[PDB]
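Peer 1: Next come the chains, spelled out residue by residue.
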Amino acid sequence: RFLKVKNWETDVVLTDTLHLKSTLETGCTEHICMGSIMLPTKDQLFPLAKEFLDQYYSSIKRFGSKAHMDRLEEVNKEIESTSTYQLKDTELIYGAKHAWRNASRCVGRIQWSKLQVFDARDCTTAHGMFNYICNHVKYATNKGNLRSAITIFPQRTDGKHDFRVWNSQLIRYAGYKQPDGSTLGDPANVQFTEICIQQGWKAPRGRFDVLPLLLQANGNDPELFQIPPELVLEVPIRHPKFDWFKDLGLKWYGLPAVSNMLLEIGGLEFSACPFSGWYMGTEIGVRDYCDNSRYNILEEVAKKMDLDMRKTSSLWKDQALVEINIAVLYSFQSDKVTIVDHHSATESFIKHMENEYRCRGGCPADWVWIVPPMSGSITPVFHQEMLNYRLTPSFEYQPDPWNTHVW
Amino acid sequence: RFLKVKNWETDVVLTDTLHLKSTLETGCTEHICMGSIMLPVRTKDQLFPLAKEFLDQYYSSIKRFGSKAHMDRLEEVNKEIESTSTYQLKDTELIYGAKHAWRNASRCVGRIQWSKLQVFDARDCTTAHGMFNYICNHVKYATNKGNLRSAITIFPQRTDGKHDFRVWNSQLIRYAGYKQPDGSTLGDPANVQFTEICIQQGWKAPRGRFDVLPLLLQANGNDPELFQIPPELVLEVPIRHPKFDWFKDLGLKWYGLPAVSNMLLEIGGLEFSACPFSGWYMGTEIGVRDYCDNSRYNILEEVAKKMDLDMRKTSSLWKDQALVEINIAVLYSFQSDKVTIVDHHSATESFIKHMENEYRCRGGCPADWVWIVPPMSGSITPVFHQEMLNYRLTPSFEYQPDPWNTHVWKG
Ligand code: HEM
Ligand code: HEM
Ligand SMILES: Cc1cc(N)nc(COCC[C@@H](CN)OCc2cc(C)cc(N)n2)c1
Ligand SMILES: Cc1cc(N)nc(COCC[C@@H](CN)OCc2cc(C)cc(N)n2)c1
Ligand SMILES: C[C@H](O)[C@H](O)[C@H]1CNc2nc(N)[nH]c(=O)c2N1
Ligand SMILES: C[C@H](O)[C@H](O)[C@H]1CNc2nc(N)[nH]c(=O)c2N1
Ligand SMILES: [Zn+2]
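Residue numbers (the UniProt record's numbering), protein chains in the order written: chain A, 299 to 338, 350 to 716; chain B, 299 to 338, 348 to 718.
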């Protein structure tokens, strides 16, 4: 019930007391660990409100004050009456920052307190959402000097009026399945890309076509919008030593911006809440480029390097994987667009773990996701025991809306 | 209750019913996952259930379930427990049990090989010298001049827990480490303490960078004894790189035989506290962990120096770059000297096939993702993308305290 975690490289031992505030469930039991699965009323709402307001007022050193009790009172009044309630701006800012502090899969959390929050609760139409998103993208991009932000659309009501952003990120490349049997562009997005066509987009049918936003306001059918091309910062990918690398014609976008998640604050559900920071190099170079189900460019790169592709034990995949990742980091740095490498990012997160243990008595972390998809054991998070648990406020997954929505 | 695991690269879904036969706890609850935590005297009363379970399993596998022979054996074990408070396994049960312990080892990527395992019965062993003899035979048989064969050696089970057989070494073959007055380490930092025990026990240490440690052996609860493995029996491989001629001047070598000697084999409630077992290496165990962990040989800097990589900022990926070269070198060296080894692409691909086979024939395969995914190039191996269920079956390999922490010195 007081739990220790050890680092096996530094012998440093931390004690975790924060897990005892754990509210949600893991998928795990005493008989089966599910640590590696990707996805494992008036009544219910007041408990959830109180727990949140309790943490808010405690965090402002005002726990048990009249202001605290008054708000608890007022929120109670409002729920009994209206069956939901509204967050004060300050609460909303605190809850969003905290949903990020609590994301156990995020290596980037040392940054959690510098989140710019844009309150879009007054938005009513998709065009409004388009406007709020364009502003988010531009503020966050900041001419390549990236700044973290989140934009919060109105909260769920009766569930018949959700605001959703259909895209999974604000900025992603299209995918088209070809007669040739293969797949052009990003195969992750094939299905979404078809819905844009079914909804009316005219795809350039290219390899790196920035997708149209598909926006749903007040539970209405969703609507198409192109992001002003001038707002979508992109980086052409070159190598500091391999001149031929440019000839691959690889580019990636600067702005990682997750748009399909659901933000839960004090019981309220914000089903559209796109947020963004900046990339860790491996996200693009290891996963986007090299996953079999993605752009999968290892075969082609290794060929240009003239490596012995005859046998797996030449480690030609591994060799090419490194150079690709050097190239991503090099390109972004040269174009002055913010990026972080896996060494620096995991080192930073260890320091952030330290701080959270000292100051909060823990830090939920999911090892499976925190350890980078290349060079695991040479980054220090590999050697670091972590405890994974669910704290609220939080971001949660939700079904792709095309399975949910009715036309 | 059925459970599905998905593969995110192939969309293959598999169904697990085998987790239904799970006994021991994981360490996880509905409120906490402890899946990345490294480590999360028996009465008659607890014993016969565990005996019976095991023998039902055994007897199913040989398709004799409920036979006369099954029933006789149950009754026999029953009596033997009530009379002597324990029981002895037949050879066939021992064999079956040990294979299954491996089969159930959810942190083991090599399990496709689970059924080819040479079992050596050392249950007649009575002394440390007797242990040494058995172990030398094990090293030599398994080594097989480079064409490694899986094997395990099983010494007598625990009785009152005052008479334990233990191999104080964590592996039968490992290099010494010596902390120096300046704070640096000569040799393998992982073995500093055990080295010190060996020294304190009377071993004269060469004090080199690759000194094969002496076996330190405990029989029947007695104080342990030092023995040097005959060096002619210790197959080693000098490390060179196919392209970099300066690689050999680093002076690296490694031993061919990975042989774990610190685990506890549980079978039908019986506890075998000395059961050294051996396989062959996955290249990354040496190349990534043994050479490149900061708390081991830690050679990244010196390889990168020699490669003249840009070392001034991490974002050159100089570490990742040296790491690959070293792993190329380990694998090249072993193949060149004809010592069996497997690379991590080939090991993980084979493991995915074993795993699907296990679903189809057995109704599952417990697997620990944190351990199965190699410690370099994670996502370019097919296991990264495989959802896994982790749960404990018996028979099994368990951890146990290091024996200097618990042993009662007779002096
Ligand atoms: C500052 C730059 C940031 C870096 C380098 C970063 C890093 C990461 C990484 C490496 C992942 C794993 C995802 C994957 O591999 O596909 C992740 C997931 C996540 N991050 Fe962060 N992050 C950053 C900013 C943020 C911000 C601003 C938020 C919230 C406001 C956030 C919340 C999350 C959430 C909720 C997930 C899980 C996504 C999922 O489960 O699918 N990240 N982030
Ligand atoms: C065929 C050759 C084999 C290969 C390539 C292989 C590979 C591995 C690897 C990579 C690990 C993770 C250890 C680490 O990275 O530190 C492992 C762990 C394990 N293996 Fe296998 N293995 C093989 C044979 C065997 C045999 C013969 C047994 C027992 C009969 C076995 C039982 C285990 C156990 C119990 C663990 C976990 C050890 C621990 O947590 O301390 N392995 N093996
Ligand atoms: C298929 C799938 C399902 C699922 N639930 N999650 C994933 C992976 O998460 C997708 C979003 C990932 C992709 N690199 O980005 C996380 C992230 C967010 C932010 C704000 C910054 C950053 N660098 N990285 C994939
Ligand atoms: C903390 C800790 C405790 C403990 N008992 N074991 C470990 C790590 O495992 C050590 C043994 C590892 C070394 N790579 O060997 C596993 C293995 C066994 C066998 C039979 C073959 C093989 N290739 N690999 C770590
Ligand atoms: C099956 C497994 O859970 C899945 O492949 C996970 C593994 N770890 C990951 N880690 C990160 N950061 N991102 C991912 O998408 C994944 N995928
Ligand atoms: C804390 C963490 O569980 C620990 O470093 C584990 C991670 N995965 C591992 N995986 C293997 N194969 N071997 C190891 O020693 C470890 N160490
Ligand atoms: Zn778990």
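A portion of the hints provided could be inaccurate.
[Claimed, not checked] Taking CB as the label site, the calculated pair distances span:
1. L540/B with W306/A: 57 to 67 Å
2. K423/A with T321/B: 26 to 36 Å
3. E705/A with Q707/B: 56 to 66 Å
[Said to hold, decoys possible] Over 12 Å on every C-beta distance to chain B, these chain A residues come out as not near it, computed from the model:
4. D314
5. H317
6. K351
7. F355
8. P356
9. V426
10. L455
11. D518
12. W553
13. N569
14. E578
15. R596
16. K620
17. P673
18. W676
19. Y698
Everything labelled a hint here was simulated from the structure, so no lab data went into it.
C-beta atoms are modelled at their ideal positions from N, C-alpha and C, and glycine is treated no differently.
Peer 1: Now, for every hint given, state plainly whether the structure supports it.
Peer 2: Structure-based check of each hint:
Roughly 31 Å separates the CB atoms of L540/B and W306/A, a value that falls outside the hinted 57 to 67 Å. A C-beta distance of roughly 48 Å is found between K423/A and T321/B, which places it outside the suggested range of 26 to 36 Å. Taking the beta carbon of each, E705/A and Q707/B are about 41 Å apart, not inside 56 to 66 Å as hinted. Here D314/A does not stay apart from chain B, with its beta-carbon only about 9 Å from theirs, under the 12 Å limit.
Its closest Cβ contact with chain B, about 6 Å, brings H317/A to no more than 12 Å, contrary to its assignment away from the interface. In this structure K351/A is separated from chain B by more than 12 Å, as the shortest Cβ-Cβ distance comes to about 26 Å. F355/A, annotated as away from the interface, keeps every beta carbon of chain B farther than 12 Å; the closest lies near 22 Å. Here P356/A stays apart from chain B, with its beta-carbon at least about 17 Å from theirs, past the 12 Å limit.
Remark: the non-interface label on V426/A is consistent with the geometry, its nearest Cβ contact in chain B lying 29 Å away (cut-off 12 Å). Residue-level check passed: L455/A sits 16 Å from the nearest beta carbon of chain B, beyond 12 Å. Residue-level check passed: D518/A sits 24 Å from the nearest beta carbon of chain B, beyond 12 Å. The claim that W553/A lies off the interface holds: its Cβ sits roughly 19 Å from the closest Cβ of chain B, which is beyond the 12 Å cut-off.
Under the 12 Å C-beta cut-off, the non-interface status given to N569/A relative to chain B holds; the minimum distance is some 16 Å. With a closest Cβ-Cβ approach of about 22 Å to chain B, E578/A is found to remain outside the 12 Å limit, as its non-interface label requires. For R596/A, the requirement that its beta carbon stay farther than 12 Å from each beta carbon of chain B is not met, with the minimum near 6 Å. Listed as a non-interface residue, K620/A fails to keep its Cβ farther than 12 Å from every Cβ of chain B; the least gap is roughly 9 Å.
Non-interface status of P673/A relative to chain B is broken: a Cβ of that chain comes within 12 Å, the nearest being about 9 Å off. Residue placement check: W676/A does not keep its beta carbon more than 12 Å from all beta carbons of chain B (closest about 3 Å). With a least beta-carbon separation of about 5 Å from chain B, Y698/A fails to lie farther than 12 Å from that chain, contradicting its non-interface assignment.
Taken one by one, the earlier hints fail for this structure at numbers 1, 2, 3, 4, 5, 15, 16, 17, 18 and 19, listed in ascending order.
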